[PDB]
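6 protein chains.
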Amino acid sequence: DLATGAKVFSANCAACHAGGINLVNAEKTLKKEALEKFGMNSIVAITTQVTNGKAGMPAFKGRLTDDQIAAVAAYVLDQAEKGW
Amino acid sequence: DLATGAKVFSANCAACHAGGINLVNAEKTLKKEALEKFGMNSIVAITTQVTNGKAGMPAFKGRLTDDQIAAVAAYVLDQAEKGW
Amino acid sequence: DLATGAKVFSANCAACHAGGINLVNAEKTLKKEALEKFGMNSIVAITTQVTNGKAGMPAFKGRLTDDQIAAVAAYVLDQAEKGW
Amino acid sequence: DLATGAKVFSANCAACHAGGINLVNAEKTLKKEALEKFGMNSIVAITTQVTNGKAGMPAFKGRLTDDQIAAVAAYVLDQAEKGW
Amino acid sequence: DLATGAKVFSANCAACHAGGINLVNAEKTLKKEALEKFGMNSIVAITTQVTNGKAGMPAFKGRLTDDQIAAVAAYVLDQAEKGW
Amino acid sequence: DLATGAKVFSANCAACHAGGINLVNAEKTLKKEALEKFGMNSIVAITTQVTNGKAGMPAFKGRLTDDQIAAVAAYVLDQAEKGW
Ligand code: HEC
Ligand code: HEC
Ligand code: HEC
Ligand code: HEC
Ligand code: HEC
Ligand code: HEC
Ligand SMILES: [Cl-]
Ligand SMILES: [Cl-]
Ligand SMILES: [Cl-]
Ligand SMILES: [Cl-]
Ligand SMILES: [Cl-]
Ligand SMILES: [Cl-]
Ligand SMILES: [Cl-]
Ligand SMILES: [Cl-]
Ligand SMILES: [Cl-]
Ligand SMILES: [Zn+2]
Ligand SMILES: [Zn+2]
Ligand SMILES: [Zn+2]
Ligand SMILES: [Zn+2]
Ligand SMILES: [Zn+2]
Ligand SMILES: [Zn+2]
Ligand SMILES: [Zn+2]
Ligand SMILES: [Zn+2]
Ligand SMILES: [Zn+2]
Ligand SMILES: [Zn+2]
Ligand SMILES: [Zn+2]
Ligand SMILES: [Zn+2]
Ligand SMILES: [Zn+2]
Ligand SMILES: [Zn+2]
Ligand SMILES: [Zn+2]
Ligand SMILES: [Zn+2]
Ligand SMILES: [Zn+2]
Ligand SMILES: [Zn+2]
Ligand SMILES: [Zn+2]
Ligand SMILES: [Zn+2]
Ligand SMILES: [Zn+2]
Ligand SMILES: [Zn+2]
Ligand SMILES: [Zn+2]
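For the record, the sequence lines run as chains A, B, C, D, E and F. All you need for the numbering used here is the position in the first sequence, starting with 1, plus 36. All you need for the numbering used here is the position in the second sequence, starting with 1, plus 36. All you need for the numbering used here is the position in the third sequence, starting with 1, plus 36. All you need for the numbering used here is the position in the fourth sequence, starting with 1, plus 36. All you need for the numbering used here is the position in the fifth sequence, starting with 1, plus 36. All you need for the numbering used here is the position in the sixth sequence, starting with 1, plus 36.
Among these hints, one or two may not hold up.
A few chain C residues facing chain E, derived, Cβ under 7 Å [what the hints assert, rightly or not]: (1) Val60; (2) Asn61; (3) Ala62; (4) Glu63; (5) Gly92.
Cut-off 16 Å, straight-line C-alpha distance, at most; resulting in silico cross-link-like pairs (EDC-like, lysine to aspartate or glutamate) [claimed, not checked]: (6) C:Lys43 with B:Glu69; (7) E:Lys118 with D:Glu69; (8) A:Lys43 with C:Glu63; (9) D:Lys43 with F:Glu72; (10) F:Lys90 with B:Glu63; (11) C:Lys118 with B:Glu69; (12) B:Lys43 with A:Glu63; (13) E:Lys43 with D:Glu69; (14) A:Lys43 with C:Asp114; (15) B:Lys90 with F:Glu63; (16) C:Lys90 with E:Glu63.
If you are wondering where the hints come from, they were derived from the structure by calculation, not from laboratory data. C-beta: ideal position from N, C-alpha, C; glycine also.
Here chain A stands alone, though its shape is the one from the complex:
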């Protein structure tokens, strides 16, 4: 759910995406407008990138359960709307 995404995000994502930014590839933020722009505004899109990684973003298949992954894709999606 939502409170478990907030916890998973704090443990695995905050280093690079603190408060919705992207320290590694600056334009590829977690902001709503950016998520729309790169077509990552979806639970499908996020859950697959988190799984297989992409460029500087690591893969999280192996250490996140696809229940925690679905939940953190959803936390991302919820703060983006609120925005951050």
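Fit chains B, C, D, E and F with the ligands to the given chain A structure using the hints.
What follows is chains B, C, D, E and F with the ligands alone, placed relative to chain A:
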């Protein structure tokens, strides 16, 4: 207008000012409060800096039409109020 | 008060915490959610860190009066709620 | 030559690559090892990217002469070798 | 060895430490002087931190083999000595 | 001397200049070439800026003794020469 500023901003400004920050000179953000503080909160101020550049900010006279420049100064001004 | 925190923040804090970020230790932002997470969401917590510093954050005992310190802890607390 | 190279770099490239870094896409530095790793360790490789751009890196076609681009590409390779 | 070290670093560490920097916690670089200053100038020191993680640095236990971690620790020390 | 210089730098300057970088204003690094380019390659130039501050760089007057500032200026010049 507004939708053409969103496009121009994505193509020319997002590298340094992704989501209203400034990666090059940290305090000189595009946030409302910062725009007021440095007296850049105006279409005049923005359109002239974009044209002639300033320190690490390049000049965009030559590659942006002063119709695209006026529009992106306005996109900046619209996200700042909404804020970002 | 509030307008004097805005001035003190601009003079002493904006270099590292421009618009609520943290350029030095990325996750330790001034955002509401981060302030809660690290237990810095309080005038007590902020006023003591500002005074004694902590890791890369300097101490401001000596150059900020504990009237300016109380006020800037409060500016931080006010933009965090508004958020930034 | 490297002196015109050095002047072009200072005026156009140092905002995002100061000292051989990459502020926008952190792994794509101007250090010799990254230039080798991404296949950008040649005049032609560099001249092509500077001319046309790639992602957050601007196109310099029509802003810099071909001689300026050649010179800046040479300067990058030279600085990389010396260790910036 | 340093070649497997170099490949592991590229694939897992360059996102936050490209060129010996630290994007997340700026003072904790991979430069020889910072490694000495924070007591991280040994294989065992580095292997332990890579394995278990610390704050914003991820744990690599179970993601990288012990041999890969050993090799990456060796590569870090070697690059530090050469000056990245 | 450089040992007191090294201790002062670690305690006061590494937050924004770790390894010779400039986290706040990216082009104004402590590398020898940038120090030359901005006319900051002298003890007097550095002691003056450290003492009085400039823009996002804090004033250290009254926080550091004149001897500490002298020593840190010497250390900067020395590290620049060695290549940080
Ligand atoms: C923790 C599990 C997460 C979550 C939920 C996200 N990230 Fe990252 N991220 C990083 C980089 C370099 C990119 C760009 C990759 C590329 O070039 O395409 C991303 C991208 C994303 C997105 C898409 C954003 C967009 O605007 O397109 C999303 C939704 C996302 N991430 C979520 C870098 C890192 C890290 C640095 C080592 C870490 C850790 C994470 N990401 C972890 C996570
Ligand atoms: C695309 C055309 C744009 C737009 C619309 C803006 N920028 Fe930049 N910017 C950069 C730097 C280093 C500064 C500070 C300059 C200085 O020292 O005075 C700025 C400043 C601005 C402002 C004013 C912000 C303020 O708070 O005062 C504005 C409104 C602005 N910019 C808009 C850096 C860069 C880039 C890095 C290479 C790029 C690309 C751009 N800017 C592009 C744009
Ligand atoms: C001006 C007087 C201020 C104010 C009001 C704040 N800061 Fe900083 N800050 C810096 C660093 C490296 C940290 C992390 C320290 C650590 O490792 O614990 C912080 C932390 C904070 C907090 C807590 C944030 C949190 O989410 O826990 C707060 C409320 C805060 N600061 C306010 C770095 C710097 C600087 C770089 C040199 C400067 C200047 C300042 N801080 C100044 C201020
Ligand atoms: C001024 C004329 C220059 C020069 C000589 C170079 N750049 Fe950049 N750069 C930027 C980004 C985001 C990238 C990555 C692009 C991508 O996604 O692939 C680059 C890349 C380079 C390279 C290749 C480096 C590598 O390791 O592969 C080189 C040689 C290079 N650039 C030279 C970002 C920016 C800017 C920010 C807005 C600016 C300004 C420049 N680059 C300008 C220049
Ligand atoms: C890939 C396998 C690696 C390797 C070899 C290293 N890292 Fe990192 N790192 C990160 C952060 C936030 C820190 C500071 C942690 C803290 O608070 O103490 C570190 C620290 C290090 C060190 C010690 C450096 C020092 O000067 O003390 C070393 C040797 C090291 N790391 C090696 C952040 C990140 C990442 C961002 C999400 C990633 C990815 C890595 N580290 C990965 C690696
Ligand atoms: C600790 C005592 C130090 C020392 C020795 C130096 N700094 Fe900084 N610095 C900061 C910023 C924003 C600038 C640019 C200021 C401007 O707009 O002109 C600087 C600049 C310097 C220089 C000149 C470098 C050059 O290439 O011109 C030097 C020698 C220097 N500093 C030394 C930012 C910061 C900080 C962030 C809040 C802190 C802390 C320091 N500086 C501290 C120190
Ligand atoms: Cl440079
Ligand atoms: Cl430099
Ligand atoms: Cl590399
Ligand atoms: Cl690297
Ligand atoms: Cl590199
Ligand atoms: Cl150090
Ligand atoms: Cl340092
Ligand atoms: Cl260092
Ligand atoms: Cl330079
Ligand atoms: Zn947060
Ligand atoms: Zn990018
Ligand atoms: Zn928020
Ligand atoms: Zn955006
Ligand atoms: Zn940032
Ligand atoms: Zn500044
Ligand atoms: Zn937004
Ligand atoms: Zn602000
Ligand atoms: Zn951290
Ligand atoms: Zn705001
Ligand atoms: Zn330089
Ligand atoms: Zn990258
Ligand atoms: Zn020609
Ligand atoms: Zn050098
Ligand atoms: Zn490298
Ligand atoms: Zn630190
Ligand atoms: Zn084994
Ligand atoms: Zn090197
Ligand atoms: Zn150092
Ligand atoms: Zn950096
Ligand atoms: Zn600058
Ligand atoms: Zn004295
Ligand atoms: Zn060194």
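For each hint, the structure was consulted:
{"no.": "1", "hint": "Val60", "result": "holds (5 Å)"}
{"no.": "2", "hint": "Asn61", "result": "holds (5 Å)"}
{"no.": "3", "hint": "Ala62", "result": "holds (5 Å)"}
{"no.": "4", "hint": "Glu63", "result": "holds (6 Å)"}
{"no.": "5", "hint": "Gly92", "result": "holds (6 Å)"}
{"no.": "6", "hint": "C:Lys43 with B:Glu69", "result": "holds (12 Å)"}
{"no.": "7", "hint": "E:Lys118 with D:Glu69", "result": "holds (12 Å)"}
{"no.": "8", "hint": "A:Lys43 with C:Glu63", "result": "holds (14 Å)"}
{"no.": "9", "hint": "D:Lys43 with F:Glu72", "result": "holds (13 Å)"}
{"no.": "10", "hint": "F:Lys90 with B:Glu63", "result": "holds (13 Å)"}
{"no.": "11", "hint": "C:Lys118 with B:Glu69", "result": "holds (12 Å)"}
{"no.": "12", "hint": "B:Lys43 with A:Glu63", "result": "holds (14 Å)"}
{"no.": "13", "hint": "E:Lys43 with D:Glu69", "result": "holds (12 Å)"}
{"no.": "14", "hint": "A:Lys43 with C:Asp114", "result": "violated (25 Å)"}
{"no.": "15", "hint": "B:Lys90 with F:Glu63", "result": "holds (13 Å)"}
{"no.": "16", "hint": "C:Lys90 with E:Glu63", "result": "holds (13 Å)"}
Of the numbered hints stated above, the single one contradicted by the structure is hint 14.
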